Amino acid sequence: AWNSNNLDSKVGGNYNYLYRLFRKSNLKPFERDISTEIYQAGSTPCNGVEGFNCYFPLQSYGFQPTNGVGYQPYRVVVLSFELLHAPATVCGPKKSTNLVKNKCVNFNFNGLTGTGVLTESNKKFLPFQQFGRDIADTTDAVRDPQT
Amino acid sequence: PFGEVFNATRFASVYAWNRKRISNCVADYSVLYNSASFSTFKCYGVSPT
Amino acid sequence: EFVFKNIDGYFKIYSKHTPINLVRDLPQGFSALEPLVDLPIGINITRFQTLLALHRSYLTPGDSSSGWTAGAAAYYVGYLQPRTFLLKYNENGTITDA
Amino acid sequence: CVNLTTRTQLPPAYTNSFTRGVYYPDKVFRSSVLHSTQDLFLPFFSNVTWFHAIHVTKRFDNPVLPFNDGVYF
Amino acid sequence: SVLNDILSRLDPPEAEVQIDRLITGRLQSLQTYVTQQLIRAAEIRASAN
Ligand SMILES: *[C@@H]1O[C@H](CO)[C@@H](O[C@@H]2O[C@H](CO)[C@@H](O)[C@H](O)[C@H]2NC(C)=O)[C@H](O)[C@H]1NC(C)=O
Ligand SMILES: *[C@@H]1O[C@H](CO)[C@@H](O)[C@H](O)[C@H]1NC(C)=O
Ligand SMILES: *[C@@H]1O[C@H](CO)[C@@H](O)[C@H](O)[C@H]1NC(C)=O
Ligand SMILES: *[C@@H]1O[C@H](CO)[C@@H](O)[C@H](O)[C@H]1NC(C)=O
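Residue numbers (the deposited numbering), protein chains in the order written: chain A, 435 to 581; chain B, 337 to 385; chain C, 191 to 288; chain D, 15 to 70, 76 to 92; chain E, 975 to 1023.
Incorrect hints may have been included.
[What the hints assert, rightly or not] Just a few of them, taken from the derived set where beta-carbon distance is under 10 Å, the chain A residues facing chain B: (1) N437; (2) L452; (3) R454; (4) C480; (5) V483.
[Said to hold, decoys possible] With a cut-off of at most 20 Å between alpha-carbon atoms, the simulated PhoX-like pairs for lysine-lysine come out as follows: (6) D/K41 <-> C/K206; (7) C/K278 <-> D/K77; (8) A/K558 <-> D/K77; (9) C/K202 <-> A/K557; (10) A/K557 <-> D/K77; (11) C/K206 <-> C/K278; (12) D/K77 <-> C/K202; (13) D/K77 <-> C/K195; (14) B/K356 <-> A/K462; (15) C/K195 <-> A/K558; (16) C/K206 <-> C/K195; (17) A/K557 <-> A/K535.
Keep in mind the hints are simulated off the structure, nothing from the lab.
Backbone N, C-alpha and C define an ideal beta-carbon position, used for all residues, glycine too.
My request is simple: use the sequences and hints to build the entire structure.
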């Protein structure tokens, strides 16, 4: 999160930013309600009448330069990620090194870290697969992505 | 292109939030963590450093 | 054979070519589909349709409404529900039986 | 949109598909181990709705079909 | 579940808590094995006598 007060301050004023007031049921996680309708409560259904006890879906904001910092706009970005499902290309900054074989050495493969000897593996892997495991569900084999 | 997402002319409102999927590329988070121009950088399950 | 699936914001597909001979029904036996592609998509899809190849010839009337001799074709659709499968794994790793 | 004419309307033919379309549940490789994974599967001996796209008279049908998690084609 | 993975993505104080949880869970697992083993060992011992 980070304020952009200057960008949200206009002489005419800004009101294209809207938040919902009313909804019949709670919105699900990681879902967006694209439906445009006025929330209806119990009896006296509005059918677009939007008088008393029936409310339009949209509600605007009050961002103004004069308006106080406390309620001033904040720009919010949410970063969400899931790891260890597929080979990952969202990898970071690091470089790499030549593979070492038949010698006890520490190794990391595409964000997977294991403490054991690395040797050429007899086991033949089908195109889709990227990992191998034993009876105890522990890492047994890996494929260097570059190699 | 994390930078492009961070700086945009228009940010979607809460009713119809804008979502972008970033993959197949290399992102450095140091600038985001490093820049420290943002009021709040709360992190869950991941160490920012 | 194909298995279309939608899970956790990912569209996925699985495939196998089987050279079965002369069986009207689905062949008795065990074969395991191998994933072909994974696409990350947010689309929500209630229903699906199939595409046919119209075998247009000289004998047909010669228009888009009546001019066609499509001939034979056959396809079967089966739904998928959450179930637990005990899957046997062979030495190589092909799922020989389940 | 363009249309097509003289189609035959009949009740869907049914068959039983058994132990078909088991798909490697994930990416892991395992040798000689029996594993249980709670991943969507076509139920064994599940009912299967056959379809026909064959003229053999004036027969041609490819209508929309309902789709759930188990869209096995 | 993997011990190293937890340590790699968690800062020491948080990592502390999660480590403790694992140990408690893992300590209990070990206790059951040793306790189970002893009963079986005693049973086998009787047979040997
Ligand atoms: C988006 O805004 C950020 C933050 O202001 C910009 O990052 C700066 O860019 C300038 C010029 O390249 C650098 O000298 C600074 O070191 C960067 N950091 C900061 C905090 O200013 C970025 O250039 C802008 N535009 C994007 C990513 O498109
Ligand atoms: C998916 O589309 C159907 C159409 O019947 C709709 O009822 C449902 O709300 C939609 N769900 C999502 C998550 O988009
Ligand atoms: C499985 O491995 C054996 C090794 O003897 C080989 O003969 C056989 O062709 C392999 N089959 C498959 C399906 O990989
Ligand atoms: C499959 O559908 C047919 C319709 O004729 C019915 O007779 C049969 O009982 C059904 N079987 C199952 C398992 O649904």
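Verification of the hints:
1. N437: Because about 6 Å separates A/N437 from the closest Cβ in chain B, which is inside the 10 Å limit, the hint holds.
2. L452: holds, 5 Å
3. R454: Constraint on A/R454 satisfied, holds at 5 Å.
4. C480: Given a least distance of 19 Å, the restraint on A/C480 is violated.
5. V483: violated, 22 Å
6. D/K41 <-> C/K206: holds, 16 Å
7. C/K278 <-> D/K77: violated, 46 Å
8. A/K558 <-> D/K77: This hinted pair is violated, its Cα atoms lying about 51 Å apart.
9. C/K202 <-> A/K557: violated, 27 Å
10. A/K557 <-> D/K77: violated, 54 Å
11. C/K206 <-> C/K278: holds, 19 Å
12. D/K77 <-> C/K202: violated, 36 Å
13. D/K77 <-> C/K195: Violated. D/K77 to C/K195 sits at ~34 Å, over the 20 Å cutoff.
14. B/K356 <-> A/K462: holds, 19 Å
15. C/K195 <-> A/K558: violated, 28 Å
16. C/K206 <-> C/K195: holds, 16 Å
17. A/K557 <-> A/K535: At roughly 16 Å apart (the allowed maximum being 20 Å), A/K535 and A/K557 satisfy the hint.
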